[PDB]
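J.: Listed here are the chains, written in short residue letters.
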Amino acid sequence: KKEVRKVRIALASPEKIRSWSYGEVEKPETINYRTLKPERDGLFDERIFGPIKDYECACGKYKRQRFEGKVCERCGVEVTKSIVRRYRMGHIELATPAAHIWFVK
Amino acid sequence: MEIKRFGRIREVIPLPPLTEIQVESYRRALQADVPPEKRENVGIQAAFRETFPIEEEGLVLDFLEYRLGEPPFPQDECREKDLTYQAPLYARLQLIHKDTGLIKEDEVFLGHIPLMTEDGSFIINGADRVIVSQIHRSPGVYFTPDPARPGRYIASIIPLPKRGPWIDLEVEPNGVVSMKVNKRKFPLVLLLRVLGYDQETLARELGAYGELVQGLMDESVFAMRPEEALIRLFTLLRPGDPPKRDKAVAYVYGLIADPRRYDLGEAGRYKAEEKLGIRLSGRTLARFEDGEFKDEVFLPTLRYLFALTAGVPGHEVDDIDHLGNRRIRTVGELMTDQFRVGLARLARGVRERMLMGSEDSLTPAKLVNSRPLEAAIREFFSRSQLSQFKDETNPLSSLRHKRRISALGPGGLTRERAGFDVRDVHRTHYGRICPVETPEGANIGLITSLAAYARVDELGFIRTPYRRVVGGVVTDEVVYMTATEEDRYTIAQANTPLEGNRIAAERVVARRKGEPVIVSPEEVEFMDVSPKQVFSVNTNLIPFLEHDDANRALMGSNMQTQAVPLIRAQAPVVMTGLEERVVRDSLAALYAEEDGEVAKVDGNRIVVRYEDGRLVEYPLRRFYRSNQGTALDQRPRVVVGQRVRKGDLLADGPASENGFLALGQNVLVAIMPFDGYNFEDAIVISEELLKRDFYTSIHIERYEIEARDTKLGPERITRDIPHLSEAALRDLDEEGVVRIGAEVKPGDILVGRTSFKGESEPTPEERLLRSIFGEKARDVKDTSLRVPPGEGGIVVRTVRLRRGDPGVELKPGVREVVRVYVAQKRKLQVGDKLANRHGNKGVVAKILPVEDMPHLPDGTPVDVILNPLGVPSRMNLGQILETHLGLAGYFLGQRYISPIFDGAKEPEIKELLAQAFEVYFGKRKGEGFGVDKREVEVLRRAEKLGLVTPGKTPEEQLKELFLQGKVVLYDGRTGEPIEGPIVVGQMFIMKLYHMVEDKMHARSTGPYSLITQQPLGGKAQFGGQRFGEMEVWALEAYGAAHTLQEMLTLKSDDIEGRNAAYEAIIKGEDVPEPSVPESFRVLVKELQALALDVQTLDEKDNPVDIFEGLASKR
Amino acid sequence: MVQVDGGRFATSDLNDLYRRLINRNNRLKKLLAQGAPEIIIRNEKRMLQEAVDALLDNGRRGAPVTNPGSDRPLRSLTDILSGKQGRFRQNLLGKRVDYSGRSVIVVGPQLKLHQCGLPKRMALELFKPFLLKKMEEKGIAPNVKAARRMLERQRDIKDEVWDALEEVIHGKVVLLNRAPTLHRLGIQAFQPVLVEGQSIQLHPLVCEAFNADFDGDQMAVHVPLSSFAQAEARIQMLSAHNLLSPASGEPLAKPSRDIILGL
Amino acid sequence: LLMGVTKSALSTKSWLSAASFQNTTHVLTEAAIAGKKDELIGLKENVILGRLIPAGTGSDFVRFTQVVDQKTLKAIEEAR
Amino acid sequence: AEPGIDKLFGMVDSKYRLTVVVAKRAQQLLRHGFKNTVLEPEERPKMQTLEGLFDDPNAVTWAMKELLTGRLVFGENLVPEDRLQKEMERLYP
Amino acid sequence: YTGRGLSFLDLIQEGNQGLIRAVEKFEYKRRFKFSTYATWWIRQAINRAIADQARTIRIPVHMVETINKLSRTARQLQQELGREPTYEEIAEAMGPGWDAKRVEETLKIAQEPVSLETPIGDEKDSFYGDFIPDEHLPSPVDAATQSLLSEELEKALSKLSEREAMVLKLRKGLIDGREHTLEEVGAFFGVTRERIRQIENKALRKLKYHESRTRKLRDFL
Amino acid sequence: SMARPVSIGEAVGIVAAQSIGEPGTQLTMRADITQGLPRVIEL
DNA sequence: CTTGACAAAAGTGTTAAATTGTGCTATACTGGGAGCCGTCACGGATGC
DNA sequence: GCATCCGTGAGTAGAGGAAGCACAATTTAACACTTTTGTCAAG
Ligand SMILES: O=c1ccn([C@@H]2O[C@H](COP(=O)(O)OP(=O)(O)OP(=O)(O)O)[C@@H](O)[C@H]2O)c(=O)[nH]1
Ligand SMILES: [Mg+2]
Ligand SMILES: [Mg+2]
Ligand SMILES: [Mg+2]
Ligand SMILES: [Zn+2]
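Quick mapping for you: the protein sequence lines, in order, are chains A, B, C, D, E, F and G. The numbering of the first sequence is my numbering, which starts it at 1 and goes up by one. The numbering of the second sequence is my numbering, which starts it at 106 and goes up by one. The numbering of the third sequence is my numbering, which starts it at 1220 and goes up by one. The numbering of the fourth sequence is my numbering, which starts it at 1483 and goes up by one. The numbering of the fifth sequence is my numbering, which starts it at 1563 and goes up by one. The numbering of the sixth sequence is my numbering, which starts it at 1656 and goes up by one. The numbering of the seventh sequence is my numbering, which starts it at 1877 and goes up by one.
Rather than coming from a laboratory, the hints here were simulated on the basis of the structure. It is possible that some hints are incorrect.
Unchecked claim - Below, computed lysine-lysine pairings styled on DSBU-like, alpha-carbon distance capped at 30 Å:
(1) 27/A - 816/B
(2) 1553/D - 1608/E
(3) 27/A - 1218/B
(4) 1814/F - 1857/F
Build the full structure now, drawing on both the sequences and the hints.
T.: Structure below.
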């Protein structure tokens, strides 16, 4: 529709960073060592970053396209396309503030 | 076919063993066969005695002796099962309790040491490897001038690599002599006080110079006690740590006096004694005993520095690129260095184990864990820069690989930070390092070759032989000397005329410290052995080298390594004389051990009964695949009942003909332009070469597949593959493997395999399709191995390894592995690369039928046409002289040996051409034929060009043209002669490894990358071509906006665009408009991870969403 | 975090840098809730600042963070965008592309200035979607899917396929490129002529602009797809339309070597 | 004022083209604090976004040209 | 060299305008199946096939030949673009 | 404890947590010194932190202890046999409940992932990640055959009646993406369950009859 | 390249950079070493 | 098109067995360890 | 005027490449049983 005519770059506030994210990463876990599935609250969680295959939740209650825009009430995973996993961000809440090294060195 | 030899110089010694740099160094390190009590303190024996004994500080672990066991598997078994050819190592240790006095001895297993093959290589994980020698600066004491300020010098002390820090001694402008250690500069008097030096001692010896000694006479620290000075020095070295004497003496003693930490080296100690004129007891800077430090080298180094600055006649600066200051580390030393590294780690785990856990009940075996030692050795032989994949395209390739010298590697220089001076040809390179053989590009001058007569001595310095000259007569006594020793004499050239042993010339060309001079015979002290000692083995194989420019001689010697073996390979018509020794030392052929009689001859083995009565059977390697894919086999050359002498040839190896190196063919060459098919190095050949199987070679390719255990189920190698017709499964046997002898083409199945399908419900459209035809979906899918595009041939071998087989170490989860070998026979074709020994190369551009080729008046056509425009600007005239001599041999039926710089000259070549004309033309007259009408026309022009003498008869003028290497040549297309006489002769041409069959590739669509979603790279991956920045600039300068946009979006990473473009074309439509590339979306996300807000706007500054709303929180 | 064909896993360096920061952040929370002394708390906070520095820009301040058992520094976000190997110069200013090939070059003296010689085998792969449509238009294949199976196996390709490939390329041009591309004449457009063999035939008079000869040189091939792309290549980029030098204005395609010698 | 080619190119108005040349950290940190806006004027900026470059056939001087035949032109003008 | 390239370059003020006119005309021919051509039957480009002579399938070749006859009109702001395609589609369904 | 997956400063901070716990539980009535008791708690915290943070793919504490015991056993057998043991020797020394299959599975679990950024070769312009294809997004070839199949399936369904096609699409799941029960289709049209079965089966017979007369649908199978 | 007035829309900046840079590179690959390339860079 | 069936495929508690998470150990023990120069050379910008 | 710090160095191709133990919480698998859903035979 609309065409891109300009690109702007600026600083990001803490309040803007929290509006980007779909959840907070609380654990350093990647995946289960036996089932090879992402762990809850980890760096690959489906409830934050989206489903791994199209229109399929973690628990398996939903498996088809008809429930588009729906969130499972059991696993908490949105039923949508798996390509959102390239675009959805998370965030980490620090216990104490830290400086950005670009604006220091 | 007889052989004629030229030359005058008589060599007094033959060439040394050409692989002795590898073989002799690794034997000295191992000392495998020397009895333990007679072993000398070198190699790994010296490493055992350096780390041991290990003391807790009351438990002592000591070393007694070691031994090496027999290898577990033979060499051919290791190659087939991907093993390492090695031997177990055992150490005999004893534990002593100091408090009690009880001793226990046992033998502990330490691991495996790789073993070197007879030709000088290793088998690491089933692959052949070569350890390349390293050159580096020798340790010692050196004096160089100050670049910033004239009249000042710097003294350096350099240990072995990673065996101590460098020490600098400089006179500061203020007059204080300073010592710099680890980027920290402190006055020398502080440390010189620690060595118990007083004010009366220093001024006695160094006070004979002037103002310099005054800078060493500070009274602030002179009265200070050595213990107080020791602590003060410790604070400067590492400030912050608590000053304690127990910690202070540990740091100072461990920095310059601990033999386990500082090592000057045998070469470094020898250099220091020669220069400073002292004698060293050890290999450290200072010696610690009786609770005090005693000086060993610091005082003599300081005296040389002061006297050099003062200007005494006997002291001079050092040249760091002088070959007397550079030394070679061979395979034995490089291996032993890592053996000592891993042994120090083992002693570190022994100490932590003997002070914690069952101290009263200990055994030597329970203390020792050999895992650190095996990891050090394994890392060296696998992931070292000096351990390289062996080059074995032909036997000459592997010989050169073993004589290469590299300045790179761990502890060496870097490719990017190396300057001009380190890359130059130094004057001391003469007779030690070849001046012409080196790679062009970023590695020029950093990788070199050993000279043919050179050898590395025990300390690592290269020596070259010279003949002693006394009183004007030359003796046969030969002395090997280094560059530093060579500088003291006047050395005559090898071509100096002699009357027996007496020098005959009044004026002699000689060198004095590297520069040419003219001297009298009574001033000569040494003489060169032969011209061959200046160059390497590759350069010594080029005849008429004296007529070639060095820039083109570099190409010729390098490209002999890339020649592939031929099924009808033959030895060159013109040889230098090194062809026999190259085949002999490569160990590729088979020779008789002593006199005997041949009993059995076969294509697989030969049996010889020797005169002592014993029978020896020799198996033959047949159709073996090398690291580069070329076939290596041995062909017998004897018959049953034939008597043989000691050293007689039994079987030819690859690229050899009756014991001579054979890298190509001998062809008939004409030098003339031909219709533009010779344009800019292109080459025209005849179809007659293909008809008689010239330039035909055999290549073998290997393919592999695995059957694994998965969660869904195990993969199975089977013939029953779903949805496949009988035409596809015709050549597979009952086990799913292709039968031996089958002919395979791209798309043909080699091994059949099935895998369990992942759980995924099908798409609705497929579900209706399966309902219509009444077909039930299967639970497995096709995952078989097929021939890649552009490949194929004949199946000649299969190998099947299964879990549990003896010697087979498969990775966890792998059930079995199947390997298939495919062989093809390659004939010469358009696009193949050819070369000669003088640096002339080019690709084949045209193949002509025989009736199209130019031919001699007797009907003989030529084989190859070369453009004369490639000669003049390259200045490689050796190929012209080889052609002239090959023309004489074509009619006389003989071959020649012309050594380099002493060989065939034009008067001798013209005397041979006169004899060849008598059979080339005297034959015609007897048969009843005169002079052709067409030859009279060419002769008429030839005297207008000033080529023949006016007034002579036609027969006399044809002979005048023959002595210049020219003949009258007819055109095959018209039958009329070329208007001028053409140079025609015989030349030796090689077929190189680079063939167009292995290089042609194309792609429409294929695999894509994970993160950027762009096409992969490389033909092996079926990847696309890189369209880089400079290519984008060219499209911008053309104004092709739409062509540039397609490559950026529709053909690389616009996922939606590339799907729509493919569907439009198969429907007969024009491709649609592209969209945002995916790599730009990645850049925006990666910038957001850096807490930067990047936003795309429109004309009104309103935001534009490029993520389709997929990343917006509702 | 992907599983390779053999069952082994592969992961990026950013995952290890995130794990370090999360571990230190969680430990600081527990230490604060336990009333730890200020010496322990200050140590944790100094470690947390350094962990963030490594994630953003590893090696800018202090010693680089390395993966245990190795000395290779971990790749941070700043390393991903900067340098010759970074995101800008490697993936945005230049890319790898579809519909492209490569082979050795030989001389064709019989060609016209606007022609080149292209192997049949290369052209079959380069113009594959066009050929699939053409095969179905005739009776060679019933549909596009059946056409693609026929080309997979070499022994299943019939003689009529080569006739169809001749009508596909009628009037079209390709792009030939030799590296290094020093000026814009390192890319030129040619009308392909299908040949037997595996090497590309090049006109004698365009070798000076390419700085090309015949001792081993290789060249690349590209296919413009749309009508805009074909029209630009046939009008602006054609070899026969670029005879003078953009730098000096002197003839660049001109007689050379043996052509001069004969004349 | 006179400056060299490197300094002249790094002080350009567009941050996308300056950050893709050299000194990326310094260029990006200065643009973000100022809130700079890139107007996509030159060639490098449009290449990065995959747009049609404003040169050659992509220039506004020739980009909007129309082509029509007489039969369709007569019908439109007469009916208007 | 393309036939009549010298005359084609002389018909436009800028060489890039000629490429724009050619590319847009070829799209028109492809979209209507060559039924809107201004060429006479004896002027149609041909290609030689094993079965006989047939029409040239290359639309870019057709566009260049049509532009040499002088029967095409090109310029800026000639007609509204939506009204151009509607009439051309009605004339050539 | 250095060299086991954690940095020296990480080990120190994990040991400081054990020292805090020891202060809480220490008893001075027993007349033992503090370092005698605190050493137990300091070592435990460091050891537990190694088993929980040293691997990218976390492995439970009990399984980590099995992997460590399995490595000690193979090292002891290696120095006794003069060679690397087979899986059958390892299982026998481990004890009851262990066979060669369990040894191989445990070793497969204990494998660490490799970095995508690890170089290969000497020059630093080639990395592991450049040789790994992506197999999640469909290829351009696979996307086109999906749409070609749908277009051909739509033209075949036009030969059917209005309800025969509509019932078939609901049952097969072509409209909503999910199949619907015979009863669910019945509720949409107001008809019984068994009625759907016969009408859905009839439409299939007509499709099979046309299919044999055109062969426009077999290649997609 | 055409010996005629330049047409509006040509990227003359890119052509200038390629015209200056090309002879310097080919000369090095084939005096340009001393008082050649270094003098041009300094200017 | 509608009833009666009829077994089958799928759904639903219940529970024992693998599997995983966590606390604890009382002689006395109290500041690390690896490096280690053909250290790359030159220009620009900053701070004294 | 000088010492200190920091970023820069051509392109494409290849081809190898070291703790236990006890016990509580939690997850999973096995097993029945109830309910839902097609087929078959009428009709
Ligand atoms: O490292 C290199 C080597 C070569 N090349 C490229 O390959 C070319 C190899 O050029 P050559 O060194 O083969 O010389 P030449 O053909 O120009 O010699 P004459 O026939 O004129 O005597 C170079 O001129 C350059 O284009 C590189 O780009 N980089
Ligand atoms: Mg090279
Ligand atoms: Mg050349
Ligand atoms: Mg070349
Ligand atoms: Zn769910």
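J.: Please name the hints from earlier in the document that this structure breaks, with their numbers sorted from lowest to highest.
T.: No numbers; nothing is violated.
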